[PDB]
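A single chain comes next, written as structure tokens; it is the form solved without N-hexanoyl-L-homoserine.
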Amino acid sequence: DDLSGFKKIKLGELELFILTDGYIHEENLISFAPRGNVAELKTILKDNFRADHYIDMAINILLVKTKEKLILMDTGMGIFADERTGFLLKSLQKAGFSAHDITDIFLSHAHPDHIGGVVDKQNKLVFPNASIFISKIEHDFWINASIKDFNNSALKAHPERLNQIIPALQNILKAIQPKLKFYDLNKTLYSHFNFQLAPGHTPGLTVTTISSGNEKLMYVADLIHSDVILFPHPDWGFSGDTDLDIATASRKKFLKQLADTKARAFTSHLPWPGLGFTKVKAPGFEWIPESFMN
């Protein structure tokens, strides 16, 4: 019933806490990977002993405790939560923290399942002491977004949904304006964090690298939404991508980079705890989850 939880890991100087907001039970598989083969999609699910009539997407969130900061990377569904989501604050509590402890929030992008937790249902800030970072491009996009921005998206099939969600996101952006900062894409922040754009899923989707000594972790957020489908088939796309073609280009760039460098990634939506490695495997890539003893 209570879907909250955390996992603590060490990253050199840093303490990391992986938090869960819950999960998304996606039952509409015809458009999950819009450019894919729906027979092959279900074969892959069954070859991995999973259900073939839905895909459960995790909502994994990273909390980073540095020497003087406590940083939350994304905030889950918040006001958009259903009964399977909105567990972030319970997870944070289990990890030993309350909302007032958070000093900084890094938003990877402004989708409902990432920005929803920054306010409550009266548009009041949840994290009273936190600066909130977003890319300038991401902000610029959503404050003026409309239906016609989604013509290269599977979402174009849902204009009524879009016409609901866009003003809701705009209202959140208005509420957080007094806390808002834009990433500097060319400077290290707080000694540990570097930011770069990976456009396509949204125009300003930001990937964060966390560094301590010879340890690096890349939070790639919504670059990829399925371990078993979109690593071998990155050109199949994802239902929520704002621009399918541009999202495919970013997905391929970062998968290639993760494979070439053997770097560990943290992901929003792959199975818990969302940590793993990327290898080339014709005709695409393969996700190798990190292994744990507990």
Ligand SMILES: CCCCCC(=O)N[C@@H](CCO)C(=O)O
Contents of the next structure:
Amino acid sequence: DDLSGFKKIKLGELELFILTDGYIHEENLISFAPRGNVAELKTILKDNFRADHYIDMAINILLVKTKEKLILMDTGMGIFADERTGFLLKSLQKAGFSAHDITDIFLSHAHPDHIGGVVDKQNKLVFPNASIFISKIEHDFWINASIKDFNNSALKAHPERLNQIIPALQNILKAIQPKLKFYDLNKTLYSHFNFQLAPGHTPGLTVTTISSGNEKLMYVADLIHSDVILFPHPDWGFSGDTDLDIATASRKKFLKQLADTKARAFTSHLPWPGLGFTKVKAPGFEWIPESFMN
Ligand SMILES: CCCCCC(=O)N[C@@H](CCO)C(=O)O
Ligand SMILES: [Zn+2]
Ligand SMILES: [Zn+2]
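Please give the other form, namely the form solved in complex with N-hexanoyl-L-homoserine, since only the form solved without N-hexanoyl-L-homoserine has been shown so far.
Everything in the complex follows now, all chains and molecules, and the chain you saw is the first one.
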């Protein structure tokens, strides 16, 4: 029952470690893709030799070691964990690190499966030496969030879970205020990191490019939640998108860019280790997972 694990890669002179928090087992395929066709969805799963009665979403986290810094990109379910999640720290330890080694956390967005790990059940910081970065748009959205904000979300069907989650997120944002930093979209951070917004999934979802010399890796976080469904059908959307239309536009924008530039991406929820390339297959895309020897 040990779902912890890691994979070391190199990006130029940088050492990167892919970590897992575990996974999400989603059995509601009707709601998975709000603008999709569930019959067609299930057929796509079967055609790729996947189970057709659930989708498993990974929780892949990126650890970047630079000469001066140790950066964690997202933190998993943490205080929201169930039996299948909350394995980040075990994975970090397997990779050879501990929580106090982390100098900076970059939050792609404030959803529970990304921000849950920044605090423990005593509401103390899990990574006591770490600055925690978030986009100001993302931070301010959740501070001010209310039901009307989800008018173009499938989530509006579910007020029960919104009234549970939103206060919890606000409380986490309150707790991390002493370490809280906001991304600067105009500057390179720590020589290797550049940030841009990809709104829709949440209003301030942030996509991070890691660069070393001419080598680049783009962490697209929750831009897309299924390799075999939402690449060919980006307009089918995802249950957790705050605004389905805006999320679809961001999804098409960055997938198109990855394809056009033949650039490698790292993803939060695609199958392990979440690394791969994107091709245009009009009017959609295809994910080509990276191949490894171990
Ligand atoms: C108040 C927002 C709650 C939605 C959280 C969410 O969609 N989390 C996961 C999906 C978990 O089902 C994700 O976006 O990847
Ligand atoms: Zn999310
Ligand atoms: Zn997520």
